[PDB]
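Visitor: Residue-level listing of the chains:
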Amino acid sequence: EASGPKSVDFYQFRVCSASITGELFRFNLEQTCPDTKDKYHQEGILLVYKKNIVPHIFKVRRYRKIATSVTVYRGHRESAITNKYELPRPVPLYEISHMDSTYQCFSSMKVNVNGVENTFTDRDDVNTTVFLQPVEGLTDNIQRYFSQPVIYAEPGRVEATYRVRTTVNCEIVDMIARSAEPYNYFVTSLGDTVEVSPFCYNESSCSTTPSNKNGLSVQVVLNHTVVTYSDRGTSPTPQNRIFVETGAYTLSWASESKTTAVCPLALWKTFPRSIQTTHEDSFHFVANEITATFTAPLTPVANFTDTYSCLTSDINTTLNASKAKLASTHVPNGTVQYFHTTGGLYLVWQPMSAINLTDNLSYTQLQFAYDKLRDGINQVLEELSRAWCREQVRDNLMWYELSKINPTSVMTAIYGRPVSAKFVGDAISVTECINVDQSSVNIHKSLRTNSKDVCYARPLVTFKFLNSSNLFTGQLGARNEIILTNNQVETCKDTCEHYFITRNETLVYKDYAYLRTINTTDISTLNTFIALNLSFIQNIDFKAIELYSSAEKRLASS
Amino acid sequence: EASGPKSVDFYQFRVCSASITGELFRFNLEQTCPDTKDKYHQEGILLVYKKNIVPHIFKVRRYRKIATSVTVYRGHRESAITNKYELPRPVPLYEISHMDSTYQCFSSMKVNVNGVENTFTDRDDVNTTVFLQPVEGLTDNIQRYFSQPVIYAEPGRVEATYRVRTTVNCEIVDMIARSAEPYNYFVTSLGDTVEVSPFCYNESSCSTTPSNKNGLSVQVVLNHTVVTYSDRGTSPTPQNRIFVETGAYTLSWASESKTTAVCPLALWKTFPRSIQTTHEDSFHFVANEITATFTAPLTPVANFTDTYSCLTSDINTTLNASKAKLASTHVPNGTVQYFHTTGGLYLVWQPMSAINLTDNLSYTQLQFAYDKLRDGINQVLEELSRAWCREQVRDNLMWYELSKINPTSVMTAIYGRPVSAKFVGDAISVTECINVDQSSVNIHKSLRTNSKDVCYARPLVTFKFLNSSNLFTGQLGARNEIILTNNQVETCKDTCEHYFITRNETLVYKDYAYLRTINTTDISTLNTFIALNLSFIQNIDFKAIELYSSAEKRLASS
Amino acid sequence: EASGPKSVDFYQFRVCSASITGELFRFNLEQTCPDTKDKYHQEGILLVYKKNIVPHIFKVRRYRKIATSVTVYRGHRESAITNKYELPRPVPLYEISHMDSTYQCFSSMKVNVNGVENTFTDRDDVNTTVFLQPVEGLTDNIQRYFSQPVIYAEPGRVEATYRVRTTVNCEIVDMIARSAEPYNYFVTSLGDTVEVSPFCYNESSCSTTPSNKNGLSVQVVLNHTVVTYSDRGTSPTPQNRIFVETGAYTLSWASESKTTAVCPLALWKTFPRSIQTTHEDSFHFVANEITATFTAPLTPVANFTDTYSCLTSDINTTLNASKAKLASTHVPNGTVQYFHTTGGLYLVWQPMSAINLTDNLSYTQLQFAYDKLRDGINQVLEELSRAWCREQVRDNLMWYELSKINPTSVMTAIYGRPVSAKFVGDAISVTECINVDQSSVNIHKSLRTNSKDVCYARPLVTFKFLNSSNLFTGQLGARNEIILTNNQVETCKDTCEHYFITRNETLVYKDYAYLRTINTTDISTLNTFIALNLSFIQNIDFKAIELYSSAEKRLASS
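Chains as they are written, first to last, in the authors' numbering: chain B, 53 to 410, 454 to 653; chain C, 53 to 410, 454 to 653; chain A, 53 to 410, 454 to 653.
Mixed in with the good hints, there may be bad ones.
Each pair may be met inside one copy or between any two copies, as identical chains are not told apart.
[Claimed, not checked] Taking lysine to any residue pairs in the SDA-like style, the calculated list, with each CA pair at most 25 angstroms apart, reads:
1. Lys-91 <-> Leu-409
2. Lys-91 <-> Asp-636
3. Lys-605 <-> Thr-503
4. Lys-102 <-> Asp-636
5. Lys-517 <-> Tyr-495
6. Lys-136 <-> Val-210
7. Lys-103 <-> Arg-325
These aren't lab readings, by the way, just hints derived from the structure by calculation.
So that you can see chain B by itself, here it is in the shape it has in the complex:
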């Protein structure tokens, strides 16, 4: 019979009506797609905790001994001729400053010098007692106490060279001291600076009963029992205290432990409603009250949050208050957890389940905006996909309905390669197609057959079965296809017009016979397209903007 290569494109004349049954195909009349289930999200109370920066504040008492002399008797009687060194000295502990601590009196006429011990006073006893008194000042936190505040005698009489009048003074000053986070040194309000740790001699090292230091003393007293009330003596508890003897003054302050006094964690904000969304390797806590999102590693890095013993007595109260407020429509679902974000902030998470009726913080806002946009885009894509699936199902149903007329057209539409088909029972049977000798083609110039009013609907063709020596007569179909049975006939009509398509050339029949071959493109080609004039997203550039120039910053000064 006829054999050869199988057709793969609509460019070579081919004929195929073989009765050999091929593959069997059926239309999938049942098709559907489901709807995704909503992914529920956990919620609960979220608390943040920024790093504290407020310095530690405590009160400190200072003692200082002042000795001054005036020598103004130049000529007959001069005034303010010259002044002495006025060197101040630390208060000695000969009486352990017990009288000063009593805030009642003190021993004047201090004796101390680098060369030899010499007593300086107003010509009185070496260990005379002078009653202290408070002096008012232009300060609400410096209750200075003065003894012998008036200037020296300064006789100003007729003296040859100068006078020798001099007095001594005892000074008790109350001030406030502040220390940084490391708590290794602190500076008082007056201005003095000392390089010792405020926390010592109480659950801390670098302090002992003997007095010894590099330029200091660092002496600790057990149950000092400071009266601490010069205006009205009282009976306070003998609290512990320490002393530091500098080169010119002595400072005293109560001893306290580093723990249970100051720890670096302060509450910033509380969000009664928050959403936690898991991810590949991190969490996401949403706080829409300030439009920010905090990310933390999946593992609860704060596995030992019991070291921060301070907050164990306040985070409980805040959580209790928040859950009491939210108890109307929410209940706890699990144990509390502590996380640690990359920015240095600590998060406290307490998941809650609904009850059935029956300055570097810009990246958080950026993350929030990105998450919102991504969620919106994903939801839109999901809806579009569902609509497309429904449309595809309907389209397939139409296709099946259309296939009931001629399966060959539908099969050639679905598969790019031309094929052939027939409705075996209720099942399409697909067979391949076979070409013929392209050179051996002959088309009659007249479609008018014998008799009358029975003219052929399509021109008759003759060809050879490829690699064979034989001739057959067929009728030209469509897309360069040959049909063995020539049953296409029609009644003759006056001024009949006909056109045919054959690859890049066309045939024209103004009458029952014509060969006005013209180009295929000469006839207009209609289009059925719904253009999608989509507009892409332009890409822009961002520029840094500074509110205040460097000139204004310099002009700010201090």
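Let chain B serve as the given structure and place chains C and A on it in line with the hints.
Guide: Relative to chain B, chains C and A alone:
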């Protein structure tokens, strides 16, 4: 007849050809959707106003009296043996400093002491007049004036103990003072600090003719008429002035009101082109020159912008200049308005209508980017929806065209539930379908009927009308459907092959009679689907980045 | 014949079956769309370079002469009665400080005074030599050297007025000095401030052999050969040095050029993998390790990066190391380039080609996020467009397949205006349509014709050919269309029902004749629509958030 439950799925054999007319349906041949109208947006000139931080600057004049003594005559003749207290004193107002104000001379030999009034001088008159003079220095803003600048006599002769030579000095210093925003205290360039308000005795309280203060004087003089020109005397206006007598010096400066001198609002930028878009409860002003967007509440919070009386004379000029520049293609459309953003910046809005031919600022940039992305996405969605509507209209038209062959298939395609329909006149009439007894089914194993070449196209079936005792003969259709009229016949063909679908089982007829029952899935099922391999949007994490570490910040120091 | 206006809508009765051939149209059986080619992107090593802010650090040596006296013999024998001026003086260059530089001895008894040269000492020779020695202190960077450290003699014997004991001291202090970026002035660690440039007398101006300045000296010495080792004398190289003689002390430091010592560019980070994407007028370098993107102008603004001569010896090493590490799978492709971003950072770009197997930084993160979102959206749009093109091609094929039954319906579906078409061979010919006289219309109330069981399928109509005086008989079709040939007949059926449509009115035929005219809307209209319930993107507002309030900032203090 036959009655029972109505079919709801393609799983039970059913037959329905009832002549009772049901509901009437017609194809909506006319369908269309409109295009949304563009929402025009207001535009106009927008000006921002940041909070001023530049400190107030004004000139201040200082007067001070200096008395010093030198006693160097130790042994035979010593030098620099000792110095006096050199205590400086404020300039007294015995002459009301009129001579000093004249910048011509001053009264030397000042007499003042805490004990008793003693006059110190170079052994001259108590009220002797000494002419002032200017002294050059290494400063471009300190025109210090000195009288008696040379050191004391210091005889250095043969004296037993020391000398008594001493002189006095009058000092006039011109300096510059700066004050913070509250204007409650200020510090001069020299270094002195005073806790009085720079604005006083002129539209301000805390100032009166009597001199009285807590450690100060705060004296006001009416029409002081300061010459203010030591190099060349002039005749200036008698401007008002005030004085403050400290413990060692006196400061003077001209009095000015708090208003009309310094107010905290400075212009930052001007945008001749901006867009205002309304929202649910806020406005949105777009400034694309710096890629930022400012949001303000809907209500014009700056309802009393007349309090800032300073800007009423400059915002008018800037607006006039901008509108003069833009008058080529724009004209004003409404009255000016003032807003107040959440960040603390003040906005000035002046809408303009086109003329017909015939450091915390990152959130603004974030808002700008979010708005741009949202607008682009919304526009894309609108275009997609319009294209989808056009496609749906065309699809409905194609469905109506297809319905002209057999309405039953189209109706069963549109409605999931199988139905029976027909073309009454030019309107489809749909009727419900009725099942039969599933158990009472019988299919003949041979489709070859009597005579020859008239074999049945489909096998004949027999069943009972559900809840009834009767038998009927029908022909099997498709999707388990029965047809009463058995007119499906065809010419007998040798080696005829047939297949049929019945729920999960199939029938095979290799000849005019066969019962090779096989599974339905044995035959391949072709697919007609255009997969939408959409790619979702991945979610990433942002990390904080610091340009300079804390070590570099510490190394910066001052 | 019949002529008049051409129909443009389905609202007027029209008839058109003209034999005149119109335009020729053919179905474009071949249609396809291509897939976009991936745009490859360059990659290579990217290095950033922030502006350096670390101040310059160098060592400085200071010399100072101190003279002090004590006069304490008041009464019989007093102590610390008074002190002298203790005026310090700069070390003179009588010996050019050669002995001090030798760190072995120095000439005591300095003679200097404003009045007349007087020698002060401990009653010794004017040019006596005293050996220097080092004194320990509480500092790890101040190796102070002291000569005559003990206090003056202070006889304290029985003297009438006072003593005259006095001593002099030579001080050599080693300190560290730091200077800002402009390098015009610097301040030492001790506290002294000098307004001279650290870089002078070596590839710099403002320095010369003669000593002259405004209050200073600025003297340069060639090959000073400072021993610089008091603990153990050595033999160092005679390096150059300079001196500055202040009013009380002299400072010395080694001279160095501004270049080759300190230049303001420090490496911040290195990214072995980066992507460069071109744009309209700028580049885009992606560094996903910190999620940031840097933008630079298209032109290599750093066209003269050879001025920064420091980095030419280190950027080469870093690039060599990075390319050695990446040589496993990458090789260089071009020459190095230098860019300059808008934020003030400098970028170094070195493109690399893969080898074939055979604190203001938020805007960068914002740009990165925007670019990622834009790329994702664009990719999604491209995929959607490709899927839509495939669907459109399939739809057009289905339309062509459907057109084989009746071209009139397909043509009227594609073109809104009704037309008339008829297949012409392979192609088709579509003509226009002509209306008739709307008033001249008559529809028979009975569709039952002569004989029996041959009743008309559609009612017969009679009308006039618009602007003409004639009558014709036709059959009503669909959408107000008239057909000349009345061949629509059917067998008579009992209880026949027929509804027909006509603009806004309908006809009902309960029997072979009826005129129950009712409204068209009375019959239900079925719909075939797949709703696209797209959800738009909500627009939100961002609010500025401050981590630490101003109160905490004030409490931080210093």
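Visitor: Output the numbers, in ascending order, of every earlier hint that fails for this structure.
Guide: none
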